[PDB]
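A single chain comes next, written as structure tokens; it is the form deposited without this ligand.
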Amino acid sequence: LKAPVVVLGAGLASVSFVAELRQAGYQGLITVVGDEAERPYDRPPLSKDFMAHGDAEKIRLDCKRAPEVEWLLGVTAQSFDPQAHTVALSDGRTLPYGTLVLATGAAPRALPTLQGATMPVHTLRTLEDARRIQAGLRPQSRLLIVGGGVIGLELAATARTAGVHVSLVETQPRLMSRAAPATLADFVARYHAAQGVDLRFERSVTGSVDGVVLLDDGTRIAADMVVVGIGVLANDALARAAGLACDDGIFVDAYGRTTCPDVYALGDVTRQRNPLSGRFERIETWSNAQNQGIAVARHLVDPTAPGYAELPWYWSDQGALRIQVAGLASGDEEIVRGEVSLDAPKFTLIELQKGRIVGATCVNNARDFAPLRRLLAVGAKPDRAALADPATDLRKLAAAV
């Protein structure tokens, strides 16, 4: 940890990192460069209560555990020179650094077949994006969503609540193909279909003409607006130009180190080890942004601290479904606790590998999720009959292990 510290990006990973630097006792300069001219804000509300209610002053991040930080908002870092230890800014200024931290996140992938579209086509990443989409959620209008990921489905639910007609096209045979157990994905599809979403599986967009989107089965979907949600691409251009190892994401170890000395990276922009799979992955979650930012900061201030070690998890709010997913989507065994039903949905899935818990899901059961994450963290091998048995309380099991 060499002063001064410069962080590129002012999202959750950056805010979490600089707050932990201060809490851990670092008292040198910290400067954060953020391209959005916005008080730092959290993204999960954008497809949830913000999309529904519109008050951005409910979604700001707390920067008060980050005192004495200069936030350069509305400024783009254009390049850095890792030999000279400087960053070039879009406003003509240059920042010196002792330690540079790349926390630049990820941006929605564009859909090549809609490149020349003459109808509204949006993606959903920023506050600006959310305000633009919301301005078009007219009651009884028609929305087409491309992609059955969690964000598309949260938007689908929000739009249906607002009285908007919703169609959704997904190339895979299931929703949430990226990080959800098949049992969950099948149930979620049934839920959205029951709520009026017109779901089209194993279909891809081939183009559009005069307000109508074309599909690869030779058919058409008319819409007033298209929202593309087919995933994100790491914002790693500065790292690539400066010579760091990257591949749709900056490679980092558990200390947040890139291949360039004195340069670290954190959050959505990184490709990092998933401890459960033991493979490198670009993690795209709120908990990773916060937890990885905190761990990297802690170890910079105190090199005796462990590297980042948290296991992955996320949540998604989709209408009446409060979904929580931890760890791996599958193993060699799934245990289902409760009935899987559209009538007052409430259930838990547990994924095991050779008897060891490797993942869990809760739908409308926050109370089960915390003890399951603890059992997952220690790789618990509990009695499978008890895991299934409705009489088992998981909190005590987590306390006993």
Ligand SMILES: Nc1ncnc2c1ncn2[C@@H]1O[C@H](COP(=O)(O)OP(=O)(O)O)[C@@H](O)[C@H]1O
The other form holds:
2 protein chains.
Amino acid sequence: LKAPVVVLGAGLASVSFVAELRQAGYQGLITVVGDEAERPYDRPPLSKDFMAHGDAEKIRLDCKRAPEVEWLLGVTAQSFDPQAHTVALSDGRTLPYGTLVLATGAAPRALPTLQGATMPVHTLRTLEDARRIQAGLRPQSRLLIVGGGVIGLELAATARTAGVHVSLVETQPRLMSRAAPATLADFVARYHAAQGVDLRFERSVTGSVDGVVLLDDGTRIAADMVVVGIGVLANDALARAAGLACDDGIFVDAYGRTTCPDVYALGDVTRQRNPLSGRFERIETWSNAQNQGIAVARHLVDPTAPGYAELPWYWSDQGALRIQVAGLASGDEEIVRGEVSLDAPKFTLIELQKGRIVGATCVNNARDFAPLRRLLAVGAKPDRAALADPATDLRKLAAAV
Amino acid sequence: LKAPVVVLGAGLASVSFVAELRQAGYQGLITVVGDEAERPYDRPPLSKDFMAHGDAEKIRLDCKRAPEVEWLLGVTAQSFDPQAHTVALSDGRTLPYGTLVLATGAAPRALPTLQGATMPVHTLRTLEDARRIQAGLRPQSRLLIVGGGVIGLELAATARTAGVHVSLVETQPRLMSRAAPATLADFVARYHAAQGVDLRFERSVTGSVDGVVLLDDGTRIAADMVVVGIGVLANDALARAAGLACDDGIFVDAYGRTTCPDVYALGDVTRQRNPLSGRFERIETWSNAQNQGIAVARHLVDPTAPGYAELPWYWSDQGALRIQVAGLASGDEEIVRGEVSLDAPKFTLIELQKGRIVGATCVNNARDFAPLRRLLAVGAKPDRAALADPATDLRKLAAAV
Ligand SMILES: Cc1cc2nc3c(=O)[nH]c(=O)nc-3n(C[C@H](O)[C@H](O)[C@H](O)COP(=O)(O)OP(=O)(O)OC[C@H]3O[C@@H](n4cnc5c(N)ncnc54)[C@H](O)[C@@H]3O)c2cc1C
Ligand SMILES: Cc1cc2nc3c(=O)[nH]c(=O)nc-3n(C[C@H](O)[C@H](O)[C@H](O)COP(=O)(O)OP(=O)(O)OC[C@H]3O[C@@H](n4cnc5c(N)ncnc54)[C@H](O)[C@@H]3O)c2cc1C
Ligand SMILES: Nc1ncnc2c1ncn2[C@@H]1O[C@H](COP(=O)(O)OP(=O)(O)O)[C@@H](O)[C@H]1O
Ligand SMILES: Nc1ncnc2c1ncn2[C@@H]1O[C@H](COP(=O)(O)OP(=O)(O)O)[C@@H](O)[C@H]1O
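Shown: the form deposited without this ligand; wanted: the form deposited with this ligand bound:
First the chain shown before, then all remaining chains and molecules of the complex.
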């Protein structure tokens, strides 16, 4: 840790990091460069209550645990020179750094086949995006969503609640192929279908003409608005240009170090080790942005601190479904706790590998999720019959281990 | 570049690197730690003329362009401490370093289903391995090779020349799936089949009993010896333990930097950017080991030098086939120069993407390969009709661009 500290990006990873630097006792300069002209804010509300209530003053991040930080909002870092230890800003200024931290997140992938579209086609990442989409959620209008990932499905649920007709096109045979157990994905499809979402599996968009979207089965979907949610791409351009190791994401170790001395990276922009799979992955979650930012800050201030070690997890709020998912989507065994039913949905899935818990899912069962994450963290090997048995208390099991 | 320099591994990447350090003018200490008790040697001969002639004194690497290097042969680096800047050796000594270079290569993957085998099962990476295999190439004996990659096929050709009966089991529908155009792989299969190799595609080994290997189609192959060639795994254990970013290979940028300050990596142990695909890959070639070692050395001595920028290529010698392959195995177009025939095989393949050359293959046509590599390097977009036309001189084309 060399002063001054400069962070590029003012999202959750950046805020979490700078707050932890302060809390851990670093008293040198901190400057944060954020391209959005917005008081730092959290993204999960954008496809949830914000999309429904529209009050941005409910979604701001708490920067009060980060005193004495200059936030340069509405400014873009254009490049950095890792020899000179400087960053070039879009407003013509240059910042010196001792330690540079790249927390620039990721951007929605565009759909090449809609590039020349003459109808509204949006993606959903920013507050500006959310406002633009919400303005078009007219009751009885038709929305097409491209992509059956969590954000697309959260938008689908939000739009149906708003009285919007929703169609959704997914290239895979299932929803949430990226990070969800098949049992969960099958149920989620049944839920959205029951709520009036017109789901099209194993279809892709081939183009569009005069307000109608074309599919690869040679058919058509008329829509008033298209929202594309086919994944994201790391915002790693400054890193690539500066000669850091990148591949749709900046490679970092558990200390957040890039291949360039004195340059670190955090959050959605990073490709990092998933301790459960033992492979490098881009981990695109709120918990990662916060926890990785905190861990990297802590170890910079106190080199005796361990590197980042948290196991992955996320949640999704889709209408009546409060979904929580931790760890790996599959192993060699799944245990189902509760009935999987559209009538008052409430269940837990547990994924095992050779008897060891490697993942878990809770649907409308938050009480079970914390204990399961603890069992997951220690690689617990509980009695499978006990894990299945409804009479088993999971909190006690986690306390006993 | 801080003295002293310590390199872990004494293969081609290490020798190439240390020779370049000297040639570029670095005069400080260089110490190389090599676990094999062997004068540094090249591996390609092991499945080629060595396997046939057995003279190791024809396969040694030239270390004369690396004066004043202490080579600690037959010694294993057990760990390094990147804070203390030391390396712990198996002989009880410790080496200090200013700059540490990890050039530890890769090891053959074992076949889990043969782990408890009670018949000879070998892999082919080292001189010791080659001697052990050669000792068992008894004429009229039966060899089973597991894996239809280049080393397995070179061994197949060598064994057939020696009068050994050869069967080969490949999980994929084709040979050389890793880095060869399908047109080449189809031809190579026809060649080996015509030479008496018993090829089994879309088969896997499930186990073995009393000198017989079992397959997943429920059948059997009797053999006197099994050689497993199912790929390699990076020797990145010291890097993983020391906290560097690794995933079956140490991530490096174009300067050879790892995520740990003052630690570099080179050759088979690295995962690095392929400029043609724009993705990170482990590049398992002789040309990479040499060229990456040279580039990393050059830039350490002269920071104004560019990073590593060479495009990938390899060769394989399989009986009557002298195969050369550069760049990508496929694009959106292949152009075939010459007839593809078992009668005096001689042809060239050119892979294009939107008219730009992205790969090339020469079979028994070395004269064409150099010009094609030059056209590939500049991303030439030659006239496709000219590229096909047998009347076209490729050397002139490369000279004109
Ligand atoms: C609609 C939506 C819903 C989500 N829901 C959930 C959820 O329910 N659960 C969950 O686990 N995760 C959810 N996520 C994911 C979560 O919000 C992200 O993982 C988190 O935002 C990543 O934070 P970050 O700081 O790494 O990146 P970001 O939040 O993207 O912040 C990076 C910032 O850097 C800025 N930037 C980029 N380049 C530059 C530059 N050159 N100069 C200056 N600034 C730059 C970007 O514009 C951005 O403002 C959701 C995300 C979205 C978009
Ligand atoms: C049989 C065979 C045939 C091949 N044919 C061709 C060919 O025709 N064309 C082509 O392009 N490529 C070919 N190759 C590939 C090429 O030889 C490799 O790409 C090259 O050997 C990689 O060199 P390297 O220095 O990175 O690694 P290596 O050659 O593996 O050297 C690394 C050295 O480090 C040692 N080491 C590992 N860990 C430690 C430690 N902790 N302490 C000390 N030493 C350690 C290893 O034992 C090894 O001696 C062939 C390889 C083999 C095995
Ligand atoms: N071209 C495409 N058309 C339709 N669906 C796609 C396409 N590419 C990817 N998908 C699907 O879109 C979904 C994206 O999900 P996810 O990765 O969670 O991203 P997002 O954050 O945008 O929801 C996945 O289920 C994936 O299979
Ligand atoms: N379990 C397996 N059984 C049989 N063949 C395999 C298995 N795993 C991989 N292979 C095949 O083995 C070949 C290995 O080729 P390559 O990657 O060049 O490695 P090598 O250097 O050992 O030849 C590939 O064609 C691959 O499809």
